[PDB]
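Of the protein chains in this complex, all but one are displayed in their positions.
Chains: A and B, in written order; residue numbering restarts at 1 for each.
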Amino acid sequence: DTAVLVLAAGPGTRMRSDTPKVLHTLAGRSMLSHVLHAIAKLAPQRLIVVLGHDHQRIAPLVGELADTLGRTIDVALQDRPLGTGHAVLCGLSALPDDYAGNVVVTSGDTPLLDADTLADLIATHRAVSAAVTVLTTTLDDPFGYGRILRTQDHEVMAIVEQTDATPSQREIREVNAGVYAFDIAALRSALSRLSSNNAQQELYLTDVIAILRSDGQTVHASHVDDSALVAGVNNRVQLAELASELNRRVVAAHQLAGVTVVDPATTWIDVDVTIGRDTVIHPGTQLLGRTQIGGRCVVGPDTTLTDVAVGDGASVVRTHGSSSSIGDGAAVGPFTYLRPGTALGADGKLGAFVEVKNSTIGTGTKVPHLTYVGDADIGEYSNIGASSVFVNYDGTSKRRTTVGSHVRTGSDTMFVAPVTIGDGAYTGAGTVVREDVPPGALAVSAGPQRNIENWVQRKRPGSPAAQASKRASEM
Amino acid sequence: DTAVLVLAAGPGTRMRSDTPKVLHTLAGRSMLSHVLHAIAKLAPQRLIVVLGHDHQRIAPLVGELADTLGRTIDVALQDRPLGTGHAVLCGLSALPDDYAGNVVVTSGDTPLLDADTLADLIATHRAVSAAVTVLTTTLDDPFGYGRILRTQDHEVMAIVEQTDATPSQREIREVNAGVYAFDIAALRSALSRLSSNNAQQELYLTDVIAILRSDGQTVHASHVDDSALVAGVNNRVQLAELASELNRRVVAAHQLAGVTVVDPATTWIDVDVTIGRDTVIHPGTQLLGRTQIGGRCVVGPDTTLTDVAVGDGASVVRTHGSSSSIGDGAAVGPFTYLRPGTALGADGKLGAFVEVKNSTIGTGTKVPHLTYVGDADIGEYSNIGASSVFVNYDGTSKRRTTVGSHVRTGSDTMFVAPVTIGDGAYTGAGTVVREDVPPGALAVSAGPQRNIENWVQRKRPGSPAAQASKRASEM
Partner (left out) sequence: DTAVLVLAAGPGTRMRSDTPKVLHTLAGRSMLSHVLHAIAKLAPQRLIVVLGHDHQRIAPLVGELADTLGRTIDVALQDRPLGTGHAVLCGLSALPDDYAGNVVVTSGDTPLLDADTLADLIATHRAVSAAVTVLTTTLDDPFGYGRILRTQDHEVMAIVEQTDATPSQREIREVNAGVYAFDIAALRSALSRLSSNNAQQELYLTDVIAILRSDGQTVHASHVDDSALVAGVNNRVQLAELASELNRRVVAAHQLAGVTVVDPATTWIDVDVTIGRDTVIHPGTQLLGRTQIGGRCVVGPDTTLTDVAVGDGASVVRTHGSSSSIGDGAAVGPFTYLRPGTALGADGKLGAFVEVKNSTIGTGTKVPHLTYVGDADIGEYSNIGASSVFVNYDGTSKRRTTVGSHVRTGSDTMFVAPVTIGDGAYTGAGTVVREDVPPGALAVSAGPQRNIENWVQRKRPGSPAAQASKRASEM
């Protein structure tokens, strides 16, 4: 039996942000969300999050995650950030006085940490009967981490914080991951003896290691070779570095599953995105939120899709889109903007310089050029001519248009909603449609062409255009 | 005299793809094409490709490459993938029984391998009078490769496959490149003695090394320090890694020749692309296929050109284009889409939100904004006004427009093809051109403006617009 505490109550000062540190995101989750998903997968008996002065802003998201993950997650409050060891004493208050399971402690800013790492921690802890097992790793650059002091036989003696280490300790490259398993009695005992004279003037959880070593208890340090799993995030440089390493792993999983990703370094894929086999993702693409891409699709370059469902065999190139769906075999882009509520049927086309908002577009229908479609329902196998506008705003309110199937509307048609265009109808180029058009009718409104001969010689005399028409009039 | 065999008959399972593995591409060639170009440059007497169950899909491309490379390339068939050593025995059947030249064996999934590496292989082989010379290299991560077993004097004894190596062998970091030169008699002899009890249950070509070592023949392993040259591709992660390393080398060659490439990591250049001196290529650009860029051009950012010829001094920014040509000093972009058959003359301009398909546009002519040009021929020094459409589709068929030189057509003009606009003609803003316009004429069709005074107070009473015109009417 085990209780996991997540410490998330420190101020995050080095983020320099008005958004609480554990709420900063990577790969479509907050750091706190990453940490809680990983812990919930382990399924410990108790899960407690220690929050601090911003708890009003974070506690509601912890409840949302508790709901998603199907379990209870308790919140303990730490009134002032007196140190990681004081944060743990706040956390333990959310447990019963007689709790006797193990206690695991982790931070809310270690967002690649995973259930397997935690389960191995807990198995190691039990196997060696430790009073405390601490996860550690080795870094080329240990700056900022507590250093692991070991004797030549590898026995751990202490952890020493960056701010309190001598120049000689600072060269140590093995660091504390800040992830621990504890015998609860030993933990409570050691915590009650923390002192705060040290450079940060805090109650350091890391002091418990040397305290329990002095009592003669078993102190164990388990070395995690994949350092990224226990990397922490104290500022925006570390956060983008871990975002990039998480992304690399997400992309690699899709490549091994059968997705060609031309340039993994510029292809950002959020954790819940799914991609079908033999899809090719071109560079500069981000697939965000709950986007789903089918098989044999072609995506990118320079496409951003957030919660967009794309069926099989579709192409979505140079497109910026969200909360939309794109049918099988459809072609979207280059230079297309999809706003929420767009639904494009199978074999449909939304071409260059087209923007769609809150419209449904039937099977096989094409809106190929320079056109805005807003609040419209269009049927199947229809073609909307270049440079058209579904005029959905009367100056104060939004209005709907309906367009049937097999229609051929002309370039530069303005549909002044509300209007309905019947099946198989045409409009001429340049038509402003202000009333319904029956099935099979042609609607037009532009006046007759008038050619004014010699206008150019009379109104632009001496110009290059006047000289050219003078040349042609001879020749 | 030398025969080169390329083994390309395995199933490619770890690609997880419905496209045969050797047909996956990087830098604008398939892996098989890269391997065959490199071998053809060496110009061996015989060149044989061993193909397997997808041979119907690949053999035609081998013939296309034979035609391009000006030589015969034979195909041998291996009915079932019984192992690399059985693949070689299939290959040798395409040679005469009495062939006495050297035999080089390489894989179809080693796409950076180059003629110089092969020539050095063959020279090494002859110089030490080897029965077998194998190329090897050393990797930080040898996972997946056969390991090279050597005694302390560096003599090679054997190769042991990832699947068959002990934990101790697995730490070996020197690996088999899978590229070999053979005395033919020794090869045939060793092959006839392969056994398939091993973990993969295949006939391993790699067993020939320890077989020939046992016979007392000379076995030599030549170490390639540039590992990328002999890196292989078994899955999509390796394929994108080699694509990225090939790309880096292609870009570096253009930089040393005089091309500024702002960000080589996001600039993808295919192998046959040419670029002139002092061109600057901005980030996010891919130059694909047989694109040719002149000197002193400015390209990108975020431009993709496939088979596009661009003359000297031109600018092509934020443009997505293919099978087109762009004249000297022309300006294209930002946000421009060029479809096949676009030809833009010297000093021409295709501006933002413009799409061109199958049209020729003369010297000095400008299509600067929000306009679609399809199936049109336009003369020189003309200007097409913003938001125009060459209406080339009558609802069932495509039709052509012709526009002369020095014309000035108005914004929002629809050219309802087929029509001809004569030299030096104008059209007014808003004109739907349905008949020819003579040289020097002005064509118009919109009706007269009508101002309906007080409409806003009477039809939008109480609105912000009605309140503002009430304010102005006093003031």
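The rule we apply is simple: contacts are C-beta pairs under 8 Å (C-beta built on N, C-alpha and C of every residue); 3 or more make two chains touch, one makes a residue touch a chain.
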Which is it among A:74, A:120 or A:423 that touches the chain not included here? A:423
Thinking of the whole complex, not just what is shown, which of B:10, B:91, B:111 or B:284 touches the missing chain? B:284
Touching residue (missing chain; options B:5, B:48, B:261 or B:443): B:261
Given A:115, A:257 or A:389, the correct residue touching the omitted chain is A:389
Contacts of chain A with the missing chain: which residues? 14-19, 24, 235-237, 239-240, 243-244, 265-266, 268, 284, 286, 302, 304, 320, 335, 337, 353, 355, 370-372, 381, 387-389, 391, 393, 395, 404-408, 412, 414, 416, 422-426, 430-435, 437-447, 460, 463, 465
Please give every residue of chain B in contact with the chain that is not shown. 252, 255-266, 277-278, 283-284, 301-302, 317-318, 334-335, 351-353, 369-370, 383, 385-387, 395-396, 408, 410-412, 426, 428-430, 446-457, 459-460, 464-473
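What we mean here is this: only the chains that are shown with their structure count from here on.
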Just how far, in Å, is the C-alpha centre of chain B from the one of chain A? 30
